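Can you make the complete structure from the sequences, with help from the hints?
Number of protein chains: 10
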Amino acid sequence: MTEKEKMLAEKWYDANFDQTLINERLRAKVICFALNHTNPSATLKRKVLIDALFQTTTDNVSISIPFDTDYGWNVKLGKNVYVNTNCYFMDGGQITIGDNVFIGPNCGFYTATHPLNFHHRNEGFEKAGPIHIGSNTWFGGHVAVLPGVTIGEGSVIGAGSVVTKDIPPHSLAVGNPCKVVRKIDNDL
Amino acid sequence: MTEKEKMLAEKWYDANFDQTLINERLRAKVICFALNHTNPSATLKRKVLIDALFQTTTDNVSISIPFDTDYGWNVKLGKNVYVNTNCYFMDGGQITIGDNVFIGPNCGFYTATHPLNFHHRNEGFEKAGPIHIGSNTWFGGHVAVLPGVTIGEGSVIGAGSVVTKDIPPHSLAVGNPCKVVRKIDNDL
Amino acid sequence: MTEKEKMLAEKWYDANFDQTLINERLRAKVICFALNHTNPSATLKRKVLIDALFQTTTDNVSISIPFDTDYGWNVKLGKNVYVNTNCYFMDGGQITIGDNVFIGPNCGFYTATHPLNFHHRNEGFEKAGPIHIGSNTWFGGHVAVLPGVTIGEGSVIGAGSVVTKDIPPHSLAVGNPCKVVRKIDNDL
Amino acid sequence: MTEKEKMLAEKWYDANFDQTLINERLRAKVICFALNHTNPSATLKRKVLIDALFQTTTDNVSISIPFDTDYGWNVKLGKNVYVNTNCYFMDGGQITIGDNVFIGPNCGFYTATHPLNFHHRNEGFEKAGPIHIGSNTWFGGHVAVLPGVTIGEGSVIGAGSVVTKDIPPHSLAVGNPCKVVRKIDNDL
Amino acid sequence: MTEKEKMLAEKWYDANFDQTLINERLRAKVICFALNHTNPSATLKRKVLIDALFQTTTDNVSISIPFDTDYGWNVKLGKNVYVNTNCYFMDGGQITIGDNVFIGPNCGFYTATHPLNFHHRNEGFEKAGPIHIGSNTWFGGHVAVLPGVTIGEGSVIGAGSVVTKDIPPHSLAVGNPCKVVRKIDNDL
Amino acid sequence: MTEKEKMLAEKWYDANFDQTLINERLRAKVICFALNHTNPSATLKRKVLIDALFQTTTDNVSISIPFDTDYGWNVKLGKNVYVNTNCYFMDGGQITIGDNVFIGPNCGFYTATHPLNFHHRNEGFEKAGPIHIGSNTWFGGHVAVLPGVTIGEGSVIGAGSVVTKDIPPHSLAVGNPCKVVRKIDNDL
Amino acid sequence: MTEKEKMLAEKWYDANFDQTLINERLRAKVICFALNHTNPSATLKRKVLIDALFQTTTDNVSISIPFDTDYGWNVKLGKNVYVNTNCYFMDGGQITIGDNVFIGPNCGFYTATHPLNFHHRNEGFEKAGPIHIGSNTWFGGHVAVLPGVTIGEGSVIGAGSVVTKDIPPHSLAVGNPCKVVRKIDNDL
Amino acid sequence: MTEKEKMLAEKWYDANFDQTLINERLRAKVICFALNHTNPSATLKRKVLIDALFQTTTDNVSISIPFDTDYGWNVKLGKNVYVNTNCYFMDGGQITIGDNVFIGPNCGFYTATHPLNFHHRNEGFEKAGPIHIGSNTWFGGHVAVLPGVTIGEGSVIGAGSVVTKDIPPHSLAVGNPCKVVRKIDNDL
Amino acid sequence: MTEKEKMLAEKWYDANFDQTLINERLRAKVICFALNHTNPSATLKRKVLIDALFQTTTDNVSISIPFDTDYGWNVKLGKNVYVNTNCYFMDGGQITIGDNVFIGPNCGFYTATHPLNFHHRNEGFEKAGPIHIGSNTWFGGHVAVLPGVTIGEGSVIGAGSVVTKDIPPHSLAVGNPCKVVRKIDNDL
Amino acid sequence: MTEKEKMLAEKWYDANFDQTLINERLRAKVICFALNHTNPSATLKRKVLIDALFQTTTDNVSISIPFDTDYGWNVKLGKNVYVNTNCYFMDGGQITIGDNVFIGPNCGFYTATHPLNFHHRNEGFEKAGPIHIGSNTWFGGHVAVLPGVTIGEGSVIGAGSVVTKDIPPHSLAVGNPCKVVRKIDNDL
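Residue numbers (PDB author numbering), protein chains in the order written: chain R, 1 to 188; chain E, 1 to 188; chain L, 1 to 188; chain A, 1 to 188; chain S, 1 to 188; chain Y, 1 to 188; chain C, 1 to 188; chain D, 1 to 188; chain H, 1 to 188; chain B, 1 to 188.
Warning: the hint list may mix true and false statements.
[Stated by the list, open to error] Stretch by stretch, here's where chain R covers chain L in the computed footprint (C-beta under 8 Å, at least three residues):
id : stretch
1  : 31-44
2  : 55-61
3  : 138-145
[Unchecked claim] Label pairs and their calculated CB-CB ranges:
id : chain 1 : residue 1 : chain 2 : residue 2 : range
4  : B       : 44        : L       : 52        : 21 to 29 Å
5  : C       : 12        : D       : 58        : 21 to 29 Å
6  : E       : 43        : Y       : 5         : 48 to 56 Å
7  : Y       : 43        : R       : 44        : 37 to 45 Å
8  : H       : 5         : L       : 188       : 50 to 58 Å
9  : D       : 9         : H       : 19        : 52 to 60 Å
10 : Y       : 45        : B       : 124       : 32 to 40 Å
11 : R       : 1         : L       : 73        : 20 to 28 Å
12 : S       : 10        : D       : 58        : 48 to 56 Å
13 : C       : 2         : D       : 60        : 54 to 62 Å
14 : E       : 182       : R       : 168       : 56 to 64 Å
[As the list claims (entries may be wrong)] BS3-like mimics (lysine-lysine), calculated; alpha carbons at most 30 Å apart, straight line:
id : chain 1 : residue 1 : chain 2 : residue 2
15 : S       : 4         : A       : 47
16 : Y       : 165       : E       : 47
17 : E       : 6         : E       : 165
Since the hints were derived computationally from the structure, they do not count as laboratory data.
Beta carbons: idealized from backbone N, C-alpha and C, even for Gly.
Shown next as structure tokens:
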């Protein structure tokens, strides 16, 4: 297996020293750099860059600059996704985002796990844990989501939350560590 | 009422789809973009841009780049306001800042409330809750202040705090959620 | 004593109004600005800028843009130091980082203490508390480290932690405030 | 009193050598320079610059480049003010312009008086005489308005006029020196 | 009729709010802007721009920058037309210029008439009065020519003149208002 | 004699078609163009350009952009000469300016005479008439000075004046044509 | 149905006046423009642009500039596709290209059919006929392929051919109109 | 006669060495160069350039870049003329194009005839043969039209055709050499 | 033998994967790119680039942009060679061009032969067949010349020709495939 | 004979006023200027420029910027020629350099002789004396080589030498004037 294949299979992979992965990360860094230095009124250029980054034709995916991602193509997006300033989608592990998702400023979605043992970590090994973001969700600013976490559809994450564990659908959750407060009635 | 009028009246308003508001947000994004890409040694240009952003003649308002705001004109500033790197003044709801205020890096002042119900939220409705920052205050880095919050004059907010409720004057407060530790003696 | 000398001696110093310090901070801001606006594929230019910022010849110190520091020369680095996006090394107080250190995105290492009393603080006085980062350490994203803090070699700091007190070697620690969870076995 | 204060009080002030005034004039010159070198199709940038120059949020204030002003913030504007090419608002003395005002090309509104005695003039002293421009007015091209002059609402100033004395409302006036020709019936 | 058609027919037209006219004025402003920011030694580029502005292949039409016109295509030029610095051909009403014409600096040829009644004027109505400039003419600097004026072939207009009425051929005329002084003998 | 020699001798010369003169006019146009497109805060560059234009080391000659001159080297300047926006020193005929001279905006100093007879004028002949500006003088805006005119030391010229004839020293003069009003007492 | 849907269904569609299609064509024109003005040694940037144009992650798709396409996303590419200078993939109708395909310079793949009747054509209607290019094919320079044409795998098209009808697999074909010459033995 | 006059009279002319013609060709090359290097989304600039090239105010003349012409002013265009990529209008001999004309990519309209005898050809002589393109016509890609050719109104020219002889109205014609296939019924 | 040596010896060579050849092709692509993006009025720069491309000091070799070649140094040119727009000299096999040669627009001179068998072709093998162009020749636009072809001195190739076989001297030849029509009398 | 021919024949030639020579010197100055202002890490561009300057395909000719030459094409180079900073090859007279030659910084190779008599020299006459540099040579910094000088293969020239006379092979030579010290044994 290639290191990319191990990454996409939730296996330990040489994230730091594999050349194809370094190249793919460089591609995404370059696109982000371009995007982050494109005047917000250059609507067309921004759209092009976003589409190039995610390698898809986006439908109302609004990215407020700056933005960062590791691969870009490993971020699966729905329609009507609003990303506020300075978010980071660390997508070694696939980041799946549904439709109608509001992401606050300074949010970080982290899929990388390093070994706790420094000997293994120093060799550059990582293990990617996918993040699933349900449709119809809202994240306050300053939220961090850890590897392997699922946030259920219709849920609300309060500002400053550190989401270490799965959040059920239609739930209001806040804190460090993030804990469910109550359920939300999502009906007329 | 226009959507701007509803915003400034603490009423639900169509933040996402109203054209005048979109235009005003674009104006501020452009100014921020210019400022954020102006060499720190270009003192004059920076001063001009800051003044243009806040639509006022500032008196020792130091902004360490990058900086973000939604409207700019809805940030009311005193003299001697020191803003460290990567702050965001989300000012749908007026953000009032007193004199002699120290704002640490990565601070977010959020005035936007979204509906909890995804149906209403998906339509783009928001409600703005003003933030009042007293004079003679100090915020550590990584602080988030939520909508409608008042931080009393002479108070100190510890790094990483998530300010969900009002903080009385001359108080030291820290945590997520931010809680008063003790009162400060602000005398010679 | 000059204000620089007082700063480097853990004494109260006029951080805000001393001209040499203002000049040194401006030097570092300019270098950061250059670096932050250098295309990630311009490997050589980036290396040059990093070396200029830290006033040393770095050995595998990887800085993911953007980056900020106050002085740069007061950041002492080991080899194999990986700094992810949007970190800030507020280095009035020396920041010492060992070898083989992984720093997550949105981390802030803050060495500045301001007086609690607004009268003294408003005059611009600060006191610098050095930060010591042991070799073989890993910081998750969104971590804030406060002045005077030591993080022991071989330790792991969880995402979102606010490190207010010293962390012993070979320890896993998380939270706001950051507390030791368990010890790590760092052996084959 | 500062020299700015003397200027704004219709007193003799050191216009030429006072540093704050020199700085404020430089600010305005820089903004004008930017504006004058902004492509007319860059609608947004132009709007921003105009607003920055006058330190207000303009409402249909159209400025045909080039434009000049001394301070900018001392020009008080109504809505629907149309300024044709190469006008100069010399605003040491406040220039107040009403709503629905048409200003022809090559117009100069001069508020500065110098001493007649060269000894006093050579020292740089000036005295500012405000200009009041009523709403619903029209100026032909090549008009000069002298310090302290009031032009009444609903009035028309013919091309080439040199307005040395006050013009009553609803008047047609022309010449060097500018003299009333007749009254205008401003009714349906 | 379109507003352009009314303009070209000497009828009242909505000069200020008609989109085609706004677009044509913008076209000309852009060309002027380009021309005005083209180095005088870039002979070829200047020639191209002038030709584009007037929508004709000029024959020794020398334009000393800066220059302004409203439409450009409504300026009909002969050969050997020398235009000195900062002239404005306000050409809503056709401006016809003969061969061998010397135009001094700061000259304005104004074809726009506004209503005297502010109610009508505020709606943006104008009426265009063509200007006819005979061949073999010379204008001193600072001359303003009003709407509908004809200046006869072989005539000389003194600096500072305000030409309110028709000037017969082979005449020397000066003043505000411009009056014939004497006839010129234009023979060997 | 060369055409330059005839120009400097008050003789008829081929101003329009002589190559050396065309080249010298082009040199000055280029310098003016550079100056006019130099940011006002670029103090050093501006000083250099002004000095290059006038081919002298100026002493407090302040030029407010834009500025124009035909040759530049034929403008003889004293110290402390303040030139406001959009002036033109048409210097075929030497323009001599004393010390402590205030020149208002939109002033034109014209030394060129053309033949009245179009046959001679069309051939490009001109005759240069020097302008002498005494020390300790003040010109309002919109002033035109004609060829061969002398304005006496200590004199004041009102805005909009068209100076066709010599003005004695210590005189206040205004109008079109410019006429002496009274004498000025220039004593303590 | 939208006009895009009609296009992709081989139905008559308003190619010329539909806004979404105009926008998609503009997107592709912009990307091509960028690519065509990117230095050939900027390997990374070129790769990014190509991928953005075709909305896929290409595998050894080499594009020799200049290049043109109408939509880009309607070009389906295999691996190892070599496109020489100045090709045009007019892709209203899907253009499917296999693996190991050599495309000579100045080739045009045209999928658009216009009505023969000028009345219908003038309204902007078109009908898209897909082009299928088999794997292991080679096109000489100056080849035009018409709408709806299939070129079989392993086939060779001679320079200058005008391919009006389907070409069977493993065939050598040349001419205007393109006709099969012989079959190719594609074995060791 | 000038060489331009001989060109426009269908006479042999010194196309290669005449300076006025070289200059006119250079003018057009420069405009084409500008146009060809203008971003397709710069609608206004493109319109300006096209109009400058053809020395007319175009009505829905769409030029897909790149484009080339020899003189530009010798291309007479109707309204609604659609020119696809990389066309060349070699217009020594007038090229007249009607209304509602569709021109495919890579088309060349050649009006230049060279002498067959190399001695005469080497001297640079050419003879221009006008091309007439009827209204309501459609050209496929890769078409070449030779000097003196007339293509009748309502006709369709197949891709790759080499039009050596006149094509009657309402005709479908294809081939090298281009021959009529059938007549087109251009009725409802 | 190196792959370059095999290429220059008419042997099968690894055109696609040999690094020296890839580098030489990249050199030429870069020069072409520079040339193709050099303003036609930059005579000197163009001359320099052409000379650099062909690695010779050209004598009246006029290249109308754009232009392409594979190596450049393998194009041997005589004096007075006129190359119109968008030509491609695919020079793996030497392209020898005599004196006084007129090359029309969109001409392609192709020296590369690929294997017919896809297995061999897919490996990147090619065989170069030199093209010889006699002196005193003229090519119409849209001509393609195939590998190994010789076109005799004094010959004329009609527009759209596909030259598959050798053309004798002093011949008029046209068509696809190109066939001799008649001989030319090249005498006075 | 042309002046170039006289130059290349060791005859007196009008170096200063001959137009072809002035043009050739300008070509080389332009290339040097480009090279001298090309970033040293732009390996490809530098190689291209060097090759263009010397009009040859160099083999390991390393030029450390800045560099100067008069013609460039009159410098004949071997392989492995290392030129350190700020050298000048004044090549009116051919400069022949062998293989494996080390040239120190600030070296000047001067082939121009001027007449001693100022009358002849002032007319611009020069006589070119070729310089021959043997293979396997080494020049220290600050060396000047005079016209007509031959430096034998295997020789070493000490820093600061002024080489007025021929140096035999395998010799160590130093001084002003340069004199042989000893012979070098160039064997294993």
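Going through the hints against the structure:
1. Chain R is given as covering the stretch 31-44 of chain L, and this holds because 4 residues of the stretch bring a CB closer than 8 Å to a CB of that chain, at least three being needed.
2. Residues of the stretch 55-61 of chain L with a Cβ under 8 Å from some Cβ of chain R number 0, which does not satisfy the need for three, so the listed coverage is violated.
3. Evaluation of the coverage hint for the stretch 138-145 of chain L: fulfilled, as 4 residues show C-beta separations to chain R shorter than 8 Å, against a requirement of three.
4. Separated by about 26 Å at the C-beta atoms, residue 44 of chain B and residue 52 of chain L satisfy the suggested range of 21 to 29 Å.
5. The hinted range of 21 to 29 Å is satisfied by residue 12 of chain C and residue 58 of chain D, whose Cβ atoms lie roughly 28 Å apart.
6. Against the hinted window of 48 to 56 Å, the Cβ-Cβ separation of residue 43 of chain E and residue 5 of chain Y comes to about 51 Å, which satisfies the hint.
7. Between residue 43 of chain Y and residue 44 of chain R the CB atoms are about 40 Å apart, so this pair conforms to the stated range of 37 to 45 Å.
8. Between residue 5 of chain H and residue 188 of chain L the beta carbon distance is about 55 Å. The supplied range of 50 to 58 Å therefore holds.
9. About 58 Å separates the C-beta atoms of residue 9 of chain D and residue 19 of chain H, a value consistent with the hinted range of 52 to 60 Å.
10. For residue 45 of chain Y and residue 124 of chain B, the hinted distance range of 32 to 40 Å is satisfied, since their beta carbons lie about 36 Å from each other.
11. In this structure, residue 1 of chain R and residue 73 of chain L break the distance hint of 20 to 28 Å, their C-beta atoms being roughly 45 Å apart.
12. Distance hint check: the CB atoms of residue 10 of chain S and residue 58 of chain D are about 27 Å apart, inconsistent with the given range 48 to 56 Å.
13. The hinted window of 54 to 62 Å between residue 2 of chain C and residue 60 of chain D is violated, with their beta carbons roughly 24 Å apart.
14. Evaluation of the 56 to 64 Å hint for residue 182 of chain E and residue 168 of chain R yields a failure: the beta carbon distance comes to about 38 Å.
15. Among the hinted pairs, residue 4 of chain S with residue 47 of chain A is consistent with the structure: their alpha-carbon atoms are about 27 Å apart, no more than 30 Å.
16. Distance hint between residue 165 of chain Y and residue 47 of chain E is unfulfilled; the C-alpha atoms sit about 49 Å from each other, more than 30 Å.
17. A C-alpha spacing of about 24 Å is found between residue 6 of chain E and residue 165 of chain E, which places the hinted pair at or below 30 Å, so the restraint holds.
Violated hints, in rising order: 2, 11, 12, 13, 14 and 16; the structure is consistent with all others.
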